[PDB]
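Enquirer: Each chain, written out:
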Amino acid sequence: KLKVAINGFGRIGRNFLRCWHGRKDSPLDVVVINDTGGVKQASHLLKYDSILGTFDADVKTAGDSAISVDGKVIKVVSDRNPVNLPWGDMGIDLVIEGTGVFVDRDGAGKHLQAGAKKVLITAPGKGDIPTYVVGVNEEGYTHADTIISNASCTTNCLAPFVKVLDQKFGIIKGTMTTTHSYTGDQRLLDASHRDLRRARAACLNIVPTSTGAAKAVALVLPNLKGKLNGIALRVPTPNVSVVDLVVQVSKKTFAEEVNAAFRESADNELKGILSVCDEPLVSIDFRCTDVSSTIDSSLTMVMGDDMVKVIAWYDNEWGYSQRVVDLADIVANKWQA
Amino acid sequence: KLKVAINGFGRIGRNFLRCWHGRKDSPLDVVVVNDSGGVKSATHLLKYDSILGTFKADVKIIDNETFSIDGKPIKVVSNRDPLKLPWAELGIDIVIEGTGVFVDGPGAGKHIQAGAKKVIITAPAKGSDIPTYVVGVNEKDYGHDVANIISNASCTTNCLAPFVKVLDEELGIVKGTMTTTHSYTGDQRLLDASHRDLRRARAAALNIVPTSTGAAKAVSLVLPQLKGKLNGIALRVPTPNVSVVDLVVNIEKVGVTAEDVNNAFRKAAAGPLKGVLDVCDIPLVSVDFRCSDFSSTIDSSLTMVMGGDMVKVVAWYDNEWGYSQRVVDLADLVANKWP
Amino acid sequence: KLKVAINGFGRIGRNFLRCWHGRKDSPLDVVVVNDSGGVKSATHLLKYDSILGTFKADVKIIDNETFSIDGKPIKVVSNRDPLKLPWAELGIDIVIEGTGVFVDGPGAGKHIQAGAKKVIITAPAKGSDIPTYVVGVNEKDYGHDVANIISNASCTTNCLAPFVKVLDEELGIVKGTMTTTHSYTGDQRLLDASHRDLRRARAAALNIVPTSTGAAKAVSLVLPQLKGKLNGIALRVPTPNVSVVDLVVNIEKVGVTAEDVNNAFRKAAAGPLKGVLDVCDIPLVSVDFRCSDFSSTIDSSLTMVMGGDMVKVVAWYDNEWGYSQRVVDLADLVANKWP
Ligand SMILES: NC(=O)c1ccc[n+]([C@@H]2O[C@H](COP(=O)([O-])OP(=O)(O)OC[C@H]3O[C@@H](n4cnc5c(N)ncnc54)[C@H](O)[C@@H]3O)[C@@H](O)[C@H]2O)c1
Ligand SMILES: NC(=O)c1ccc[n+]([C@@H]2O[C@H](COP(=O)([O-])OP(=O)(O)OC[C@H]3O[C@@H](n4cnc5c(N)ncnc54)[C@H](O)[C@@H]3O)[C@@H](O)[C@H]2O)c1
Ligand SMILES: NC(=O)c1ccc[n+]([C@@H]2O[C@H](COP(=O)([O-])OP(=O)(O)OC[C@H]3O[C@@H](n4cnc5c(N)ncnc54)[C@H](O)[C@@H]3O)[C@@H](O)[C@H]2O)c1
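Protein chains in written order, with our numbering: chain A, 1 to 337; chain B, 1001 to 1339; chain C, 2001 to 2339.
There are no misleading hints in this set.
Interface residues of chain B toward chain A, partial, derived using beta-carbon atoms under 10 Å: (1) 1040; (2) 1048; (3) 1191; (4) 1238.
Label pairs and their calculated CB-CB ranges: (5) B/1083 x C/2275: 39 to 45 Å; (6) B/1071 x C/2010: 53 to 59 Å; (7) A/225 x B/1054: 36 to 42 Å; (8) B/1089 x C/2062: 33 to 39 Å; (9) B/1238 x A/250: 45 to 51 Å.
If you are wondering where the hints come from, they were derived from the structure by calculation, not from laboratory data. Where is the CB? At the ideal position from N, CA and C, for every residue including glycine.
All chains, please: the whole structure from these sequences, using the hints.
Expert: Below, the structure is given as structure tokens:
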């Protein structure tokens, strides 16, 4: 019922499209794809993925400006400047901004100009923009918002179970460190970058880089403003990452009580978002996981009764996409104009 | 004695500067770099390198555009358009074009227009106007007045040529194919993303990636006699540096044995190619060739003749260091043959 | 449609401009000339020519740097160093390098650095980097993206090649020698004076002057099959323009007769070479070929086979006009094969 446009057919662009194809009766409907790459490029990479593996569906290069997916046809355009994209001409109701450049009022806006109605930024918003984390405050949304960000891959993980903690033990303060797979942003070989760390090898190092997810939590959980903050470590893995939260709560608590709380929420309210896992697994064992966050129960540990540490896995690509879709899935509902 | 500029401060360019520093007493003298990132981004990466390791020497940031390697200053500018470069102002004699963009006559020449005397491309020329040299093979063929734009060939071609010569020049190469298990490179995607070559667009780090390569044909450019007889592909494998070539040319001569083919190398190795070729009999692996000054190293124990006529060789070469070292020899030449 | 510059306003360059003017509707458009002499010296010589005769059209001096041929302006600059040229400013698409100095890659390319898109040398290239074309023979071999610097060969080579082809391509050329009684040229001394070639240093006007010429070898550059089979000298004789070639190649084929050899030309003349080759049966003399649009004309009555295998031909070609006319065809090509 809701016409969608994917701008920035990159990792989240494709991880999304596919995430979508798997949903049943989706209020969303992709019709146009805009990426610096030609129809060839869009086809190939939607079909052959080095992380999600070959796509189970018939994907051919139907057209000079389109591609086919199980028959459903989609147009592929390519303008490095949004304003030009025929969003208005095609009656684009929603745009999934996954390019990594248009993250600000000014930028994301060029989509509105092109005739688009709304712009969902597949990343944290820069400046004054509505940030929502499905499961943490999607009710805050209102069809009034023309530009929203679905936060970061990290925040979307850390948030859900932080809510659970604070909302039960009261987070006083706490740091966190996310051992994260690398991303398109890193340099494959020591090359220039504005982050001399991210500028390094990427596949040969543990690259400490900074993350906003720290303060971004507060963005969606107003209560924790200035109580959280952490860094991140980019390790040699193409996907799936883990967060190492460490909060100090008021209400003295113990190991299994914490985990318990998590499960409870994971079975009720956060069912579909959060989840626990006792089976001692590892990174790779968490590919294609529809949930945003997954607690590694056996790792959770408490100190002096009030210092809680929680490890949590999450597929920074898929799981996020599934959220992106779930958000857009929402915009389609509670949509009046 | 001769002022040198380095256009493109990445791997090969930085590998250059390093090569040059710790040297006998090169007539060369790097006085300027063109890294689109400032003294910061250009310094840091010269000091800390993931593949060569922390550079051994005081590298400080003087001025806002003038770092220094042990006191010796190096002015650093930045601009994508060579035309705006101060080559003339500074009086640049040689320019090491290591960007992989300016590889045609019109392009690389933009440096001359800026005020450069001579230009060396650290890659194969796209023109036909430009001479391709390969120290050890046909370096003599270079003499002042003869073209002010030369190409030090390819990393692969500069590893092949040398021992390809000794093969034909002392056994006669009928013709043959070749492959090269090559360490991934900057032109590859880190993760599956758009790229003009749907092979290079795949995670450089998690795939064996087949990609065309002229390095084979170009051998001729230095060894005419072979023109249109060699050829092959290349395979990118998750290894940041150091690669190997797999040459399979069925010889013309008799039907010699294995270990004698070797001896030819061994002979031509400590002789005319002392510094270029070499043969390592001890069974090692890629990582053992990091920082190898030899343009090519044959794995003795790997060589093997099949049907008397078909010979098969395998050579080891550090694509970053090795090439860069030759590029300093080829720039070392220019200066030794200068008025 | 396409903006053209002319670097070097002498004989060939001026012969160019003239050729171009009175033309169908060339896509070319001369907008600037580089004659180290100003509008005066550049105008006068375009209007009054001792070998072509007063130019038929209103040529006036507008501005202090902008004469006009029938209203159409032509900006004129002057500087020995192409680098200082306003090629970019004006947006020059093609440059007719007719000075005889910039004939190597580095040189002729200086025009690209100034802002030129493509450069055509009106002479043989000294490099090896540059393609040599000869309309009528291998012009197809030229396509955009393929080198931005080409050479329209030599006046002699552009007269030979054409009919040399028809010879081999329909009779098989074993190999042969050749001579060329050539009208003296600017590179010769007027009176016995210092000159790097003690032959050219002799009174161009009062001596038959023997001087080497590659024009013979260079035939190969366009006709590979002959590579290293032709060759010859040249003789300068007191005649300001229009020359003749004396080819003597003993054929491979049977032992055909005279008048049939001719017929081949005659055939290939009104056929594939309609505009390049031609055969004149009427006994004339040099002066009758002034302003001849044909790159080569064979003197029917002069051809003669000797021992069945040895064929001898004589061709007529206006070295100034003819060549210049091809140079406008070769520049006409560039434009017809442009994005
Ligand atoms: N993968 C993750 O872990 C993850 C998850 C959450 C957030 N993010 C953020 O989302 C953003 C999207 O990046 P990605 O993960 O999709 O990887 P990516 O870098 O491959 O995606 C960017 C894509 O957009 C295209 N593009 C860039 N500018 C464009 C323009 N003007 N018009 C059209 N196409 C254009 C690029 O060619 C590329 O294909 C990044 O900033 C990333 O940090 C990433
Ligand atoms: N070290 C190696 O792996 C290796 C091996 C042999 C040869 N080469 C060749 O060397 C060339 C350089 O590539 P690289 O591998 O060093 O990659 P790189 O990206 O590390 O180096 C490129 C450098 O050139 C600069 N640059 C790019 N475009 C520029 C422009 N328009 N103006 C000015 N500077 C510009 C970049 O900022 C960077 O500093 C390539 O052609 C490559 O094939 C590299
Ligand atoms: N018309 C002919 O007789 C003829 C025949 C075929 C080809 N060519 C070739 O054409 C070339 C031109 O010589 P030409 O015979 O026309 O003699 P020319 O002296 O009449 O022409 C040379 C022109 O180039 C200019 N020039 C010289 N050096 C220059 C420099 N550094 N920068 C800018 N302009 C410069 C001169 O001022 C002059 O206008 C020669 O290589 C010649 O072999 C001439």
